[PDB]
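Build out the structure end to end from the sequences listed, making use of the hints.
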Amino acid sequence: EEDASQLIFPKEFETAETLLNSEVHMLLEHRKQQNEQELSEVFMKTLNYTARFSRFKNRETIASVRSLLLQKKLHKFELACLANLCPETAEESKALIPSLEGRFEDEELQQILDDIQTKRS
Amino acid sequence: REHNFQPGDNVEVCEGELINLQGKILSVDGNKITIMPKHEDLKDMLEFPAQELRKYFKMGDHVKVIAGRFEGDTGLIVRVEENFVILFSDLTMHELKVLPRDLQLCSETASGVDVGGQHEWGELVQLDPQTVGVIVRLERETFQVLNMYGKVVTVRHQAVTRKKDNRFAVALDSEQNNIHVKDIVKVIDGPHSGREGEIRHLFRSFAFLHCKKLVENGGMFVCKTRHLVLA
Amino acid sequence: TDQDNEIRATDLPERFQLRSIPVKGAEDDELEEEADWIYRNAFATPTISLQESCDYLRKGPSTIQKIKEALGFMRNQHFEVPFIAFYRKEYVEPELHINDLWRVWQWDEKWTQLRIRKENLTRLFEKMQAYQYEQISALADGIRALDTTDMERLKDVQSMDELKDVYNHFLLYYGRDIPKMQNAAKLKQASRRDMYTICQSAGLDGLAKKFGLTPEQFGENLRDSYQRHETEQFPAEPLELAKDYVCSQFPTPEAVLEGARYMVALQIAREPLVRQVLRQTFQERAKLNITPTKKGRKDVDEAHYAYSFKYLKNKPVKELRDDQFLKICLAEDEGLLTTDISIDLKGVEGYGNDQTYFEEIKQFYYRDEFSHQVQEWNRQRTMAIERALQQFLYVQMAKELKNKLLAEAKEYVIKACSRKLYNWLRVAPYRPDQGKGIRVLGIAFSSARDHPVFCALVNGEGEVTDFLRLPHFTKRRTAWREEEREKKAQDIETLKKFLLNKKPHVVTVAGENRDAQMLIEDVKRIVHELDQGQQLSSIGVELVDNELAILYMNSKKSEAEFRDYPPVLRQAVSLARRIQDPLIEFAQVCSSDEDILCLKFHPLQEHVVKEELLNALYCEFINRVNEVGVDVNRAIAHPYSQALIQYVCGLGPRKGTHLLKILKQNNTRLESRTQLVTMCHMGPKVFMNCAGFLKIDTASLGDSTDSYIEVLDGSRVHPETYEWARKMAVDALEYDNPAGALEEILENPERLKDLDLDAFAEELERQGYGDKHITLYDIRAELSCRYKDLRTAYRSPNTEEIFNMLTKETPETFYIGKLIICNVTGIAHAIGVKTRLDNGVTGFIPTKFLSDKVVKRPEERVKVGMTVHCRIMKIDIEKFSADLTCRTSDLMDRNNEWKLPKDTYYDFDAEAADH
Amino acid sequence: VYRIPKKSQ
Amino acid sequence: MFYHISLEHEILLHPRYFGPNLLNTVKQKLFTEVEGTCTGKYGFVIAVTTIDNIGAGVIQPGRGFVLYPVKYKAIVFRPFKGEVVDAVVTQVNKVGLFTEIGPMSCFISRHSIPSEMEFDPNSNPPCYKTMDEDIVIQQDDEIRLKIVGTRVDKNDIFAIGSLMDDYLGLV
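Protein chains in written order, with the authors' numbering: chain D, 14 to 49, 55 to 139; chain Z, 416 to 646; chain M, 283 to 339, 350 to 430, 436 to 483, 515 to 761, 775 to 1077, 1084 to 1176, 1225 to 1310; chain O, 2022 to 2030; chain G, 1 to 171.
Because the hints were derived from the structure by calculation, they are not lab data. Using N, Cα and C, we set each Cβ at its ideal position, and we do this for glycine too. What you were told as hints is all true, and nothing was included just to trick you.
Away from chain G, derived, C-beta distances all over 10 Å, residues of chain M:
1. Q299
2. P353
3. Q357
4. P757
5. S1045
To give a feel for the contact side, a few chain M residues facing chain D, derived at Cβ under 10 Å:
6. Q577
7. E586
8. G663
Here it is as structure tokens:
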């Protein structure tokens, strides 16, 4: 019954806040910087994964795409996966996230995707 | 003829004007069920006997097979055709192809919880007068007995007898200090490199370690004494 | 399964049918290209690392023809390696011995694999070339046309590395259009963009092309080490030119150049010629650097396998020896070390920076003009090459080279396993100092001194004829209890009566531990008491390694064969059988469940590729089983020898089982080799492969079987050559009956020594059979002694073999300088302290080495039963004793006089800085 | 017809 | 997906850990109690970022222990059916492709992969090419995929992917 395709999630987990792969890369690198008992192999396999997929690396550049998206009608679930995937076209964003089908028109949605790609190093 | 529609599974209607409507099983019988099916997202009650219903499962939730070659086994379904519902077993990353009518839905683990209480978790045994071991998992024809070498040899249920505990035993460790049974240690070096446990039994060259987070061998592994540190 | 019936029916060797990629016939053009390709890659190309010449049995350019012959026999005529190595050796010697023929056979799989991908990749390049031609015939600055040079690169590919370069290059320029091509041919594009596709969507191609050299021209300047191509110069500064490409994705001239530099940097890194030249250079220049982690500085102690190399600085990969790189990857996988491969020397020097590879190659893209316009373009070219080397090529070349160094180190460990198995299977049957075999008494015991000794008497056929238990034979004649002496005297008389009654030719004692010396000293004395009484001929008393016998005793087979017998008595039977024929015994413990891997071939054998190691070990069985030859009637009469039939050339486990199955169903011996065709319905190619290697004991046959017995069937003459063997025997007697001639020559073999075989080789060559010189010298040698066992004659184990066998140690695991744990057993008069190690060596600490300070009485320092840490100074292999020290100055080794020798490139400066 | 020679010394 | 949540936990502490460094020892004892553990409810918990509060510790009547209800701020990974995520391929087999999302392993059967992908069981890199050698997918390789199902095993989740849906494959 719990399906991310249509946004149905647990009662205690709807109040949770999402994070980007770079955003957790900064938090986990900061915790490794403090601690180096040792870190677990679950911590190690989340560093190397979230490193390979950290698509843009300044934090401050997130807050514009966050503030405009809550000025649109998207959820905080899309706010992080559309910054982890880094999709090209609005037709790809609706194909990856089925919750975007009918939620916006393509040419308005495409403008946000072009705004995200600019931050990449 | 027989029907295997147990409490807590899911069925659809396979032919007729009310086709493809999935509901949970509440009432159980043989042929004449006259079911009241509890659907997802549908408030109304239908009425069906056993011959007009199908054991149906959406991709990616847990299944248990009752009858077949692979009987008594759990996994995840990956493709659902009309009669082949293929799945991954939780024992092995291997194919498993079975009929949907002999299948059932439960999200639980196959634990093997006790009745009566005559043997228990981490209990010492004597397979042969030259070797020692611990009994950790009851399988359908076989047992996971873990010997002192650190290995499972694959034996039937009748191969084993009950050994009395050496409760007053000690050995020597990485600091050349006293390590006993019923004590929490860390096994960083040795065959089982990077493991956490409590010792339950000792021998000539070995210690029988115990945990609940570990899934292999009922949570147990066996290692040398000079590869231990006190935790 | 259905496959097993198809394999039984099909007239091809079973291992040809079980090969991963099916064997297909080859045209002479394919065989000539393959023969040259196998010669370059398998025989001419030296290893990157220092590897011992593992050819335990560079081969010159004449080897190319010998490889062309060998591949013709395998691919077109379907002969396995042993048939070629024993019955076509005139076409493959002197360059190729049986292991080189296996190396050719293994590399033919790699050639076929390469040719298959290179063909399918050509089908992709042809479809892409056609798709571009359609779009062009229906041009924008981003259109690079796939031309005949792009195709000629692919047809010229010589390895899976060069193929991967040509494919990655193709994906960079055309990967974006692949889904469009496939949809036009009649599925949705996998989408992700590395920054290159963003730069192409922004149209930076018009700017990336303006840096001067195209990627290939820079590749040619790299290849040739001078500017073969002069840098084409655009007439504007790059920072002014960048203004034309500013958009929402690249808002500034500085960002447009950062995007275009990336796009050029990736084009340099994915140019096949640049990768080829850099890979070639990286294999020459690569330096390996190693640093220990925070875990590694604590865990890599003096005893750990990673000790000699935990800090390496600037070690050339050309100087890694044998398995060393596998030990490095294991220590890195354990998280103990971090490894770094750089083309540069690492160091803080100004000359150190000037000497870097990047300072050499920047010169191949700079335009040598001092004008500020050119100074700023040379700065952009500098940053494009810096990004191309550091972010793509140095990372990708280090990963490719790491995989090669690791593959060479794993292949050394595999070759070291096979070289050890060869040394076990090559031992001949024991012959007392013969036609009815030897009766052997194998004697086994457990390391626990209260467990009973068991003896098993095996007849020459391999059957257990009688067995004995001796509950007190482990006791010592100098025991403090006289009851122990008395109870052992009854067992000594029991063994003495058993030897007197059963008269075995050799008694084998298990190499379990040092008490095997006590059993051998007693058994040799008991045999000498029979000799002093002159009652019996000399009986051998041999120490036999019990590792194989332990694997037997623990096997499913040893219970299925003898369910009723105790396990120590099952290790007594394998110790009798091993000295009768080591090969037949080693074939018992090597099941379809892959039980073979439980033997200690090499300390790292569990870290090499399992499937490759199993091929490398089963090839040692196939080499020796076909040299020794298999008696099928011994297999039918004695189920013990049935294991060899699967290792006969051509046969394998399915056809081997089927051959015994038909002969069991008919209830007949195999009387003559023709019956493999006429009773067993064996096809001509499988018969060709196995017929020379199957023995038939023609002397064992009689009665109605006398109607058809070819005397050659007991020998290595192949049935295709029986006519020449008969002619050679008839002519050796100058007869004016070929069977009578052959019997007369086999009884009188000295008569053959006058016969000039070379004239007959000329006549067979003239008759169109080709060169037969080596075959005729072999047929003459074969009639001189049919089936002479070519194995090395049995010898008792030497002092080094006995020590390793009884302590379970090697010179690497028990070395001078090692730290050890021991129990004190006593004091010598004080001259020193006696100890016993866990491995059973009796250690001695001379009184002056008990502490740094003068100790007059050892009782002030040690007690009997006390456990003590000590350091080995000297080893006596004959006496099983070692001169130990426990002085604190030696225990911590404050002078570093005992610690294992470190690598030449060990970084003592990092070691001192971390301390 | 052919014969192998015993010509070798 | 990765999340950031305030969880609560209650841990028991023996009096030998009292004195001025008590609340600091509660932080240390929580740092090896709520890292790399898991539930089928909140998901796989990666690490703790900050601690919101330590409550007043209620002394257990009858034994010496005191429990401390702590609220803490941690980053957790929970996959859902219907997410589209990236992964790294760890091993490729004739049964299916086995891959890895952050803390968690996945599997995709050969049935859930597009019909063109045949096996390459023979080569040094095990791959699944197509008949044209076009999209070659091997070990250590950046695959997008869609989770179609979840599983819990003793504080470890183990999802299942699929790869026939659009814009999902090789990087």
